[PDB]
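Enquirer: Take a look at the letters that make up each chain.
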Amino acid sequence: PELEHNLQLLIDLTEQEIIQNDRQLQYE
Amino acid sequence: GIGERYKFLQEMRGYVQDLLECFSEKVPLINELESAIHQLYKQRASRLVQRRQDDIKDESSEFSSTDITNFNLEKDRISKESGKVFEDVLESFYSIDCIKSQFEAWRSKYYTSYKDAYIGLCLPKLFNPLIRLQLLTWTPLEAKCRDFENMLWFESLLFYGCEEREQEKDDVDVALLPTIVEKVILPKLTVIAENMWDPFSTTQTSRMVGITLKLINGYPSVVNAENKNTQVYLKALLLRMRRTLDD
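Line by line, the protein sequences give chains TF and PX.
Numbering-wise, the first sequence is residues 318 to 345 according to the authors' numbering.
Numbering-wise, the second sequence is residues 436 to 499, 564 to 746 according to the authors' numbering.
Chain TF with its partners taken away, still in its complex shape:
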């Protein structure tokens, strides 16, 4: 049961983190 929300969260986190990495790249 826990695996459903937890693994899918990483997918949504990666899409967000790509925007965050780009923001961090742009800032640096």
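Since the hints were made in silico from the structure, they are not lab data.
Built from N, CA and C at the ideal position, the CB exists for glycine as well.
Careful: at least some of the hints might be erroneous.
With the Cβ distance kept under 10 Å, some of the chain PX side facing chain TF (calculated, not the full set) [claimed, not checked]:
no., residue
1, 437
2, 438
3, 451
4, 452
5, 455
6, 459
7, 621
8, 727
With the C-beta cut set under 7 Å, the calculated list includes, among others, these residues of chain PX facing chain TF [said to hold, decoys possible]:
no., residue
9, 441
10, 442
11, 444
12, 445
Quick list of simulated restraints, FRET-style, between CB atoms [as the list claims (entries may be wrong)]:
no., chain 1, residue 1, chain 2, residue 2, range
13, TF, 326, PX, 607, 16 to 24 Å
14, PX, 571, TF, 326, 40 to 48 Å
15, PX, 615, TF, 322, 18 to 26 Å
16, PX, 741, TF, 322, 38 to 46 Å
17, TF, 326, PX, 710, 35 to 43 Å
18, PX, 464, TF, 322, 17 to 25 Å
19, PX, 566, TF, 322, 21 to 29 Å
20, TF, 333, PX, 608, 16 to 24 Å
21, TF, 322, PX, 486, 47 to 55 Å
Add chain PX to chain TF, keeping to what the hints say.
Expert: Relative to the frame of chain TF, chain PX by itself:
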């Protein structure tokens, strides 16, 4: 590497989606299968403690197998049934070496991301159905049971995280071995000792002292006398004898 990971994670979600849809039926069955062998052992324990005490009373006053074979056939049935409730699941969801290879490659690509996000802590939860399934009927004291070294979970992980670098207290792989052995194996060993061990067998008693020390000697950092779970395990062993006198 996140872009390749994103592709991999989306593939993983579908892969796990079939597993969890299957698991919606099988997770209740894990509790049922575990109860089934424990009740069967309880049937074995209730019958054998009652009859053998009468036999031992006669034998002790002097100095002062049929059920076991029947039990083994049904124990093997439940053992095979447990492996057949998970035979309709792909090998990649239960081969521990396949699972380990994915997470080692994950760390090898994203060491910082694996350590900081504690991704290694997902392994005991994924192995939680698997370790419970493998240790379901296991009791290393019996004449036909495998040793703990002859299982996937122990051999694959025995040197996992035992790197040549100084062991940091927060290194996720260095902390993996204490977490699985203390929090998963020892409560399971407590349940095994309390519900499955038959203390009257002298041969099992000889194996008991040996196997307990073997775990302590193989993991002195984890399975030491100060460890609360090891203490709980040692305390349970004595309490099982007490209950064996009560029944």
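Enquirer: Are the hints correct? Go through all of them and say.
Expert: Here is what the structure says about each hint:
Annotation: interface hint on residue 437 (chain PX) holds; nearest CB of chain TF at approximately 6 Å, less than 10 Å. Because the smallest distance between the Cβ of residue 438 (chain PX) and any Cβ of chain TF comes to about 7 Å, under 10 Å, the interface hint for this residue holds. The beta carbon of residue 451 (chain PX) comes within 6 Å of a beta carbon in chain TF, closer than 10 Å, and the hint placing it at the interface holds. Restraint check, residue 452 (chain PX) versus chain TF: the minimum CB separation of about 8 Å is within 10 Å; hint holds.
Because the closest C-beta pair between residue 455 (chain PX) and chain TF is about 5 Å apart, less than 10 Å, the hint holds. Satisfaction of the interface hint for residue 459 (chain PX) is found here, the shortest Cβ-Cβ separation to chain TF being roughly 8 Å, below the 10 Å cut-off. The criterion of a C-beta within 10 Å of any C-beta in chain TF is met by residue 621 (chain PX), whose closest approach is roughly 7 Å, and the hint holds. Using the Cβ-Cβ criterion of 10 Å, the hint placing residue 727 (chain PX) at the interface with chain TF is not satisfied: the shortest such distance is roughly 25 Å.
For residue 441 (chain PX), the interface hint holds, since its Cβ comes within 7 Å of a Cβ in chain TF; the closest pair sits about 5 Å apart. Residue-level restraint check for residue 442 (chain PX) is violated (minimum Cβ-Cβ distance to chain TF is 10 Å; threshold 7 Å). Against a cut-off of 7 Å between C-beta atoms, the interface hint on residue 444 (chain PX) holds, since the closest Cβ of chain TF lies about 5 Å away. Given hint, residue 445 (chain PX) at the interface with chain TF, holds; its Cβ is 6 Å from that chain's nearest Cβ, closer than 7 Å.
The given range of 16 to 24 Å is respected by residue 326 (chain TF) and residue 607 (chain PX), whose C-beta atoms sit roughly 23 Å from each other. Checking the proposed 40 to 48 Å range against residue 571 (chain PX) and residue 326 (chain TF) shows it holds: the Cβ atoms sit about 45 Å from each other. Checked against the hint of 18 to 26 Å, the pair residue 615 (chain PX) and residue 322 (chain TF) passes, with Cβ atoms roughly 20 Å apart. Separation of residue 741 (chain PX) from residue 322 (chain TF) is about 43 Å and conforms to the stated range, judged on CB atoms against 38 to 46 Å.
The supplied range of 35 to 43 Å is met by residue 326 (chain TF) and residue 710 (chain PX), whose beta-carbon atoms lie about 40 Å from each other. Our hint of 17 to 25 Å for residue 464 (chain PX) and residue 322 (chain TF) holds, since their Cβ atoms are close to 22 Å apart. A hinted range of 21 to 29 Å for the beta carbons of residue 566 (chain PX) and residue 322 (chain TF) is inconsistent with their spacing of about 47 Å. Judged by the Cβ atoms, the range 16 to 24 Å given for residue 333 (chain TF) and residue 608 (chain PX) holds: they are separated by roughly 20 Å.
At about 51 Å, the beta-carbon gap between residue 322 (chain TF) and residue 486 (chain PX) stays in the expected band of 47 to 55 Å.
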